[PDB]
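Next comes just one chain, in structure tokens: the form solved without the named molecule.
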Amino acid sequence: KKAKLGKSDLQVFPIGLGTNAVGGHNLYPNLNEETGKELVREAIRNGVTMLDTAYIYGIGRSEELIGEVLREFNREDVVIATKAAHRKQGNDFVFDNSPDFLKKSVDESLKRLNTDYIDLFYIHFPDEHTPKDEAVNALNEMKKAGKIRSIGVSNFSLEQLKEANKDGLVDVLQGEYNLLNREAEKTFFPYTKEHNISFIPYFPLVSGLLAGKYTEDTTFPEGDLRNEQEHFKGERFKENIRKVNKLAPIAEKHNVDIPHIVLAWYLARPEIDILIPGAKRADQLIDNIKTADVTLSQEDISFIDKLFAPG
């Protein structure tokens, strides 16, 4: 019912909620803000502990909406993770990890969330010129003052992570990882496991491909982002569909669906304590809570590992 996130003292239910569809108007068209608030409220009512947001989600709006729902509950019963790096420049953004920028971003995030502390604060993307250990040290000043309780980094290369953890202050790393892109096992995993840094994957279901939602005849409307990715093209796509479908007997056996088996396999890794699947509505997040009750056998884990062995 509760996992400890690496070196941090954060205790959380193993399925968290990603909030980029709660007020993220710069990312999605036609979003309903009350639908987003009900998603956050129902996640908390159903036992999800961690809410993962970011400044770029709606350019502050996701954090403001989450903050409004937070008023309805007890602050200490929830774990809030948020992130910063995007800095407005012209009509887009550039990344900034400078000490003063990160500290000011933490202050502005607390105001949007309308709360006095953040549980986990991430450097969302690495900038080019700031030495990463100084960027992390700036967040540690906020940790010392009680404004944040843990520090994370995301989208950092292994060398950037080592510089950032120079003094051992990084508690969590968010990075791309899934059954079709398992490169993190060779690079990051040995390092995060050794240092007790919690690893949270992003893109765990490959835009639905690993959820067994498509067939080899599936096509997507023009302009659809899936059409651009190689996992979704030619014979590779058909090969991907055939392997995912071989997961159906394991899902039937555990009385869940294919995505629940894939997400449970990530949680069985010693390096991973929590998953943050996304959702647009309360009902979709509730379907992903089922994942937590799955107990894969060692034979299930080994079979999936070999079935999805790197090509």
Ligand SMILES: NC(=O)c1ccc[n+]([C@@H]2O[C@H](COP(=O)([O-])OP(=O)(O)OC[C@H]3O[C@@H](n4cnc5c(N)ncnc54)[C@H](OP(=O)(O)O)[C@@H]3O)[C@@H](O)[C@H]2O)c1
Given for the second form:
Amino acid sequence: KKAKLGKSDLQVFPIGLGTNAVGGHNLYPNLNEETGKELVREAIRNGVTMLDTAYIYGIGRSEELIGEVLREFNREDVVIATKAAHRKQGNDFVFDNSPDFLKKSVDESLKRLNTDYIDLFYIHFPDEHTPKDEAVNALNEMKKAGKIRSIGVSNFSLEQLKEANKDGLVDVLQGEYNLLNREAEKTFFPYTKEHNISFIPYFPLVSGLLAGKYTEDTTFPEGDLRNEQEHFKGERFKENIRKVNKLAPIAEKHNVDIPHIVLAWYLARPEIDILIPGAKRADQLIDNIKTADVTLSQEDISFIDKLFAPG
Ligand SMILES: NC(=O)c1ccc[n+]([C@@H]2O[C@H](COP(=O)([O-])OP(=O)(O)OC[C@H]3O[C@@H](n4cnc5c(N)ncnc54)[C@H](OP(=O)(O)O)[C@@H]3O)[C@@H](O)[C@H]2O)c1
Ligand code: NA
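One more: the block was the form solved without the named molecule; return the form deposited with the named molecule bound.
Full assembly next; the chain just shown is listed first.
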């Protein structure tokens, strides 16, 4: 129903929405913005609390579309989480965490979202030169001014996280985590759990690989970055496909699909309070929410844990 996100006062439905496909034209071709707006709208309608966006998502367009749909509802009923770090250069970006850039980022985010505040603001990526506790202190200024209500870091190393949380101002960590890449459990979970930092994973389905989207006979076109991901190369691809299918029975048992079981597993981790599955259309959102109805047995959780053991 409602999960508290770590040290913050954020109460959210365990299934949030990823908005990279809402006006994220730089990421996807032929996006229909009205479809994106309708998806966001549907999400809020269906009880989703958290909308996860970022500056890179359409260079601000994602925040803009979300901002338009927001006028339709009550601001206090939605948790807006956005990020910044990408600094435009030469048709490419460089990460910037300097105080001046982060504060500017917040003010520009607020204008694009057309709102008085942002619930959760992230440092999307770490830059290589700014002391991370100073970057966070900069965001902390906007927090004190009431412009953001919580701060988070993303894609930080344990060391950079420690530095950023030097004064305990980091409430959320968003990192890459899935059944094929469980490193966070050893490298981050201990610390986050300790310091009551909520952990939000991304890339939980590994491009559909862990969602039953393919078969062992699936093939991709030359140049497709997928048949170059690694978990897709050589015997790794077939191996993971054949390994994911071993979850079919559990899915059947709970009357859902493999992706629902996979995600429910992540949610079952004491260290994770919410997921941010993506979507292009409203209907897809309604299918993501079903994950929240799943309750795996300790027996199911253990099997999956062993089945997807690192080594
Ligand atoms: N740095 C950050 O903080 C951050 C945060 C979020 C995302 N990202 C990046 O954005 C990208 C997307 O992240 P993501 O978390 O959305 O990754 P993701 O786990 O790869 O997206 C889910 C993938 O699974 C498929 N899928 C979803 N639901 C499915 C279902 N019910 N049945 C079958 N297939 C299903 C989707 O296919 P279709 O699209 O074909 O439906 C999609 O390819 C990643 O490359 C990631 O690195 C970064
Ligand atoms: Na949990």
